[PDB]
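Note that one protein chain is taken out, while the other chains of the complex remain in position.
Chain naming follows the written order as A, B and C, and within any one chain the residues start at number 1.
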Amino acid sequence: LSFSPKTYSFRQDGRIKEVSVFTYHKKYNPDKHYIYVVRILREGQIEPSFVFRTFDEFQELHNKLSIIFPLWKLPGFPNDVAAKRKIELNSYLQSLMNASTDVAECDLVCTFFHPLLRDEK
Amino acid sequence: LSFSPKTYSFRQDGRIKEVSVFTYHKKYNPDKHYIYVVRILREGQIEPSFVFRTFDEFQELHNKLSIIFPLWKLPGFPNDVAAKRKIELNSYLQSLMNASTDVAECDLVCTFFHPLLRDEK
Amino acid sequence: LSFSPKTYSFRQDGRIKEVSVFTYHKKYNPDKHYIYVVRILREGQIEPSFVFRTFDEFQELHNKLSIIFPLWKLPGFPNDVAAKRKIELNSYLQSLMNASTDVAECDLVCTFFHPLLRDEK
Partner (left out) sequence: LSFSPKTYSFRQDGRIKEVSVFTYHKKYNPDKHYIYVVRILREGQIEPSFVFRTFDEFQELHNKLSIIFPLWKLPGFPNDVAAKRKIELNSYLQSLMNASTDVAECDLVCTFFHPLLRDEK
């Protein structure tokens, strides 16, 4: 993953009970672009947390998973009013959680959810 | 909030277990317009209650929240057959309940749900 | 109700836990028309039961309810590929169950669900 330094695992981080794309948010620097606010609720938590991920960051995850896993183990990835990416990335995440455990709980997926730089509110 | 005198808080009013937009209803005075019937179920209640809110009243809530909260903490607000406002206001409410607790349980949101003038069946 | 002789009440019949429109089915006599197969699961039952209702029969129910109840207490009623009536009648039923108890459990609604002539498989 080209956006997280360390690699993390659901061991240290906590399993995911709920995820979704909560909203999308407009940026400025370094160029105009939408970023997706991802809502995560872990096991044992009542307050959700939120991380920030661009479309090109969702895509990288799916491309990296697809190196490790046969495609049939992965949900379809989708190819502004084009906040249909919000709905589509949401489906993508929901399906990801319903994939066999070797995918849903692998270290890439965990790392994708680990709070970064930006995510420190 | 330009439509409720007092300000209320989930302290005195009771936490929300379920909300949605139940239907929309056609008015007359002082001018033709649709009003949204919002269905609320509190904790400890089995019978829901219903309040009446216009689109311009949902909008004010979102604008007032957006003064207090960074935008990324809030769900997207949407810009008759145009009862797509019903579906859209419904999503908006569902997302609002899934926002971090400092938004979902703030006094504005509580006040928006407090029964007014009209709401006394 | 112009299609059930007696009037029935959730007293004698059993409360509804689940309803939906399950499929729609093509008829012949006395003229070509679609009829809706409504799936009902009562409290205390594990096997659902099924009754048969035409669109004009859903409509009558809504019109009769609207004599008794102010409109804001009722879900919107919708104005073949036109099996969007299935999706729409389904929403209508789901909302009906979420209406205040004086509507959701009134004798008209109960009677609408009581097995008729046709419904004896």
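Heads up, the rule we're going with is that contacts are C-beta pairs under 8 Å (C-beta built on N, C-alpha and C of every residue); 3 or more make two chains touch, one makes a residue touch a chain.
Within the full complex, the residue among C:7, C:23, C:63 or C:101 touching the omitted chain is C:23.
One chain is missing from the display, and on chain A it is touched by residues 71-76, 95, 98-101.
Mapped onto chain C, the footprint of the missing chain covers residues 20, 22-26, 37, 39, 47-48, 50, 52, 83, 86.
One rule holds in what follows: only the chains that are shown with their structure count from here on.
One inter-chain figure worth recording: chain A and chain B are separated by 30 Å, centre to centre, where each centre is the mean of the chain's CA atoms. If each chain is reduced to the centroid of its CA atoms, chain A and chain C end up 42 Å from each other.
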